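Let's start with one chain on its own, the form solved without the named molecule, as structure tokens.
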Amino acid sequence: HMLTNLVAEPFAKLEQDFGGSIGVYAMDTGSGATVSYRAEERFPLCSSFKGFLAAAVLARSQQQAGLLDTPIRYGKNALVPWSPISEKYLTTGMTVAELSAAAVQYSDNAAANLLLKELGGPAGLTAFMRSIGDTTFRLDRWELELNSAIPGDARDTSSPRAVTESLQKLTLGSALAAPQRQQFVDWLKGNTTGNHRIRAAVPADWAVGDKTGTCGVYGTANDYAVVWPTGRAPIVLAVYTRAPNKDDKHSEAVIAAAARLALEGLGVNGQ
């Protein structure tokens, strides 16, 4: 309460210029100060669920030794659009760990669906999120159907706040054992799809890991990240967007701009 939005930032003008809605939740893990704008509204996850998917696989690997090393062979029928890594290993297979890295770092859709199957589908990932205390997250469908981003549809959504809270538990808290926690961080740090989103607001000499999402309709796209500014405690944040019309385009620049405002609102000296 008293540490939320100590310093107001012009999020309303930003979303109005964008032509839609922006949801932001950012937490300074040192002081607990927060920046919050539409933070409890639902937004479509799009590919951003794939970070939590990888975390769920890591959690399972704590009880199933050798899970990560398991080789997975798949057929051409598994190769749904935008599977840039798994298409290169169709004739060989990939390990569970490699599928998880591809899902996180390249948003690989075939990899994501293969890992969802390992967990028992969308309900199995939802169950993992419930097990860490997230009552907001819901995954309902598979790739690519989960990208429909229909206004008012709660399927395949979460809130910026719940995304940030869960991300903090998994990357900095105790939801994963220490080796698995660092592996999750390392996968997020190696993401290749986020250079124009939260990372564009983060100075080059700070460490950062992130996971993006882009639905392709309804101006719907997002990013969440852990950021390690030097000399102070890490920041966790989530930035989600949507817009009213199916053919409204998303904007990476708006996500970066919202992240800049969040860091400014937390008093973190950055760019």
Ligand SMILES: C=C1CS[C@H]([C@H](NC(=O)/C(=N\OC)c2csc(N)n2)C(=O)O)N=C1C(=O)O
Contents of the next structure:
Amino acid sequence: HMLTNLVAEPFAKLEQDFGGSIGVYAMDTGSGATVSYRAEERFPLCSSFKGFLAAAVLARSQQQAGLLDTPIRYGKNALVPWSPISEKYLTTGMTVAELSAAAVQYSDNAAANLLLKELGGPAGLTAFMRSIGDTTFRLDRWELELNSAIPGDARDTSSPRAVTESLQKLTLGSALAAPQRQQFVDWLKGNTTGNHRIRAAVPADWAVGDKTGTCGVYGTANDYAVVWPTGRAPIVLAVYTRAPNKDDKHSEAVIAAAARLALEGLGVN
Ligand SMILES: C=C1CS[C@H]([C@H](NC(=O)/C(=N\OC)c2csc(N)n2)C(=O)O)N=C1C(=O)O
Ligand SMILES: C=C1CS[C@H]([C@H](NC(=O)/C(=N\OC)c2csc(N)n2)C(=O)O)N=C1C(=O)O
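Follow the form solved without the named molecule with the form deposited with the named molecule bound, if you could.
So here's everything in the complex, that chain up top.
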């Protein structure tokens, strides 16, 4: 409770300057210390649901040994805006594992919808999150409609706290079997879209796995990550933003600054 109080005023100043709302939850898995700022409020998931989507795929692959290497063929109608990987394999298809890595590491939208189909749609991903004890997460729509980020709309949202709690269960806890857990971590470590967010806030020698989200409207963007200080227990954190006007721009610098404040509050230099 006191760590949250240490950074309450700096967080309020950061979000005042940003012109919107910032939600942060961070947990030191070594001490159990946490820092919260609007951590239980709902923010749009945007692209960040794709990390949990890949985790749900891995969970299913624990029972279906052939799932990850199953080839998925798709037509041009499957390609939606921002499919930088899947468009290069339109004429060949890709495996479920390749689609998952593309959804995580490039935010590939065609890949994300194809995987959602394999899981039974937004309700199927929501069901997976319930199965690990997350009662907050909800996915309701497909790409790209899920990015509307409408103020007050609970569709396709979660809270920073629930995002962090579910991330910890999947990457460090027992929600996935050990081989699948390491694959999820490896996919997150290989993300290419987050160099200016949580990654910009940590020392160069720390290992980081993250998944970003960018709705493109309402100043709504986010990032969640597991970070490993060298020789120390990992930290799990989530930073989500939104703003009142549709034309309001998101800020990667604000996300990185919020991550820095969270780590400062936890006392990790
Ligand atoms: C934030 C969203 C959610 S997706 C929705 C939709 N738009 C598209 O699916 C789209 N092109 O559709 C011609 C698109 C999304 S990203 C890109 N490069 N293109 C719609 O027109 O209703 N609208 C918005 C919004 O911007 O307000
Ligand atoms: C950094 C990226 C790459 S672009 C990807 C994508 N988002 C959009 O193309 C988008 N605005 O991007 C400025 C959008 C969607 S609807 C609308 N009106 N705008 C996605 O939704 O996956 N996401 C992220 C990420 O942070 O992972």
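Take the two forms, superpose them, and find the largest set of C-alpha atoms that agree within 1.5 Å; that set is the rigid core. Positions refer to the first chain, counted from 1.
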{"query": "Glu15 C-alpha moves between these two forms by 2 Å or more, core aligned", "finding": "no"}
